[PDB]
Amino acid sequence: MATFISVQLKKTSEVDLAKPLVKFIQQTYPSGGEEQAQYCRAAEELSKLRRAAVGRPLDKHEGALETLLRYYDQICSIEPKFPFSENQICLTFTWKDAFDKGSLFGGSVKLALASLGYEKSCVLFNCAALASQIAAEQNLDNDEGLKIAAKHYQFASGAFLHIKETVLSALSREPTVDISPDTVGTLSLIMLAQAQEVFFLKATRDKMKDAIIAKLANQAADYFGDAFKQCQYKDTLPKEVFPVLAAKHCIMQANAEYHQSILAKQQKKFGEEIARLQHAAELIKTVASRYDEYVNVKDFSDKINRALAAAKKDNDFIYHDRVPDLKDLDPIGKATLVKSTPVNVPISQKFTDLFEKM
């Protein structure tokens, strides 16, 4: 279908990374044509690497992400050498906010800083955003799609969370909102929610126990629920985000209850089955009327209604189980298969620091 949330990449203007880095090499590097004027072609190499990571109208592929990741690893490796205190270091990175259009009354929202902390913050944001795009793009009724989407969602979650913990110490100023701890904390939870939904979807495909699927769905409802609560009083993220999180919260509760009801029927608890099915129907009716424009809930509602109609029919004419109230049923349990991937450099596949010997 279409309904996963992904993140648009921030834009930068191009900058000459080499030229300023060239002027610093004349240090414990004396004569011409040596490590001296080799490192300058590695600085020539790294400036070229920035334009590939950040300059190109992008590619939602293994290739483009790896470029970004490499560019992140490479910056991280370059700080403990150059502007460790910098009284001038003539080099300034400019980034547009990912979300804030600005106002067509006076242009976009941008922020220029002469800081490697700023730069790597925005790059990492973009590694996260491209990962969510690749993740969202994947075919979920195919097994390696499921795995690529769960891997990238957890990466993107871990990467957003790394910026939250790190943006402020990393920077000179109050950041743009897109990378400020609160937005990126929320983006972190969304990606983790989506990761878990992918693990629920995979469980449904591995045709696992309904008991385990209910717990995985219940866990997701919590991730989506927390996330939409973080968005309730705020209008930073694209406007589709909060309604998708709201629906996805009720959808996952409805999956939890539907699967738990199947278990209940297996155990001949026919009243419990109707109760849990009534709850699922209600959750889904709510999402259908309230969130029409964002999710398509029809097949799942029909599935629930047939099961409810058959349950009621046999119970009234055969079993006569008392249908319990919701508050009298045990909580459905919770299980997570999902974690925010720590950012430990190198995050790129076959990392070569172009300035290893320095």
Given for the second form:
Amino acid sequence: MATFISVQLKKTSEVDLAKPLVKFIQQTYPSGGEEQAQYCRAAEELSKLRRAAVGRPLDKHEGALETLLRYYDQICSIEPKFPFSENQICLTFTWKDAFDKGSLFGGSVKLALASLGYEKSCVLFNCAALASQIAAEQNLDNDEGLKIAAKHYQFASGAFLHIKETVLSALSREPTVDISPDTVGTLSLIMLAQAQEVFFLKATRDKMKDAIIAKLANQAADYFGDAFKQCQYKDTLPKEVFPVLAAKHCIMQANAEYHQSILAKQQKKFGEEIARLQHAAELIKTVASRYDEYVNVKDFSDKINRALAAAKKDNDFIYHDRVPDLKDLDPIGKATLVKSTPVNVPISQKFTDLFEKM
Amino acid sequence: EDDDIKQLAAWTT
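Form solved in complex with the partner chain, following the form solved without the partner chain:
Every component of the complex follows; first up is the chain already shown.
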């Protein structure tokens, strides 16, 4: 239905990385030769890399993501090489909140810190955000598009989760709300839910066993449900996130019941088939009336009600199966195909540290 | 079933 959540990238002001870095290189290496000149060169290339990674808000393709990924790898590889733990290298990174646009009475919501850990955290945020945007753009009617989305949602999930676990010790002060552990923990779960949904779409497209499709859908329902519960009392994410999560929780439960009902029919459990279709119809009716402007469930609704009408007609006239109450049905199982991908530098392809000989 | 899940798991390659 192409109703996937993605995250906007954080904006940052342009910073001259070169000057504060080579000024230390000229200090520690009084050699007026080529080692000082090659570091100074690599420092010039690092400042250029920052401008390419976070200065141009463009290009939802892998080249832009790999540039972001490469710049994250480079910064992580530099914290030990340069005395950044002490504030003798003056470098201030200013980043704006990804979500809080700010009232027109106090400007935008910005934070400036002289911290590499702050820069790492915001850069990793944009890696995850851009990955979520690339995943959300994939054609899910194509197997390669599905695989790209599955990989990128799991990456985004693991990167938001890495920020959750490290942002506090990395920052001296308290972060903006967008990178705060509560926000990125919820984003991590949203991306994990969407990765699981992609596996459900993959299973449906490949015509897998309905028993398996039901367990994949049921697990996606659990992830969407957990995510929307973390948004229930928070207004930090954009307005459309909460209704979309609530809708997807119910759509996934309905998909689980629908595919479980097909299994029931195949087993000649006609009463159970009707009970599960009635539950799917109820869930889809609730989504159609509450979240109408966020999802389109008309085709699914017609499929359910065509199946439920035929089931009831034949059961009343032929089989006379008792239709069980929902609470007397056995629970649908759960199958999780997704994991939050850990961030292990290097996360970029063919990475080469610019300060490796140091 | 169980092997159907295993083949789906080995997909992201």
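Only residues modelled in both forms are compared. Positions refer to the first chain, counted from 1. Note that the rigid core is defined as the largest set of C-alphas that superpose within 1.5 Å between two forms.
> Pick from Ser85, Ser103, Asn142, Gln267: whose Cα moves by 2 Å or more between the two forms, rigid core superposed?
Per the superposition, the moving residue is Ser85.
> Given a superposition on the rigid core, I'd like a yes or no on whether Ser289 shifts its C-alpha by 2 Å or more between the two forms.
No, its C-alpha moves less than 2 Å.
> Once you overlay the rigid core, does the Cα of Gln36 travel 2 Å or further between the two forms?
No; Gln36 is a residue whose C-alpha shifts by less than 2 Å between the two forms when the cores are overlaid.
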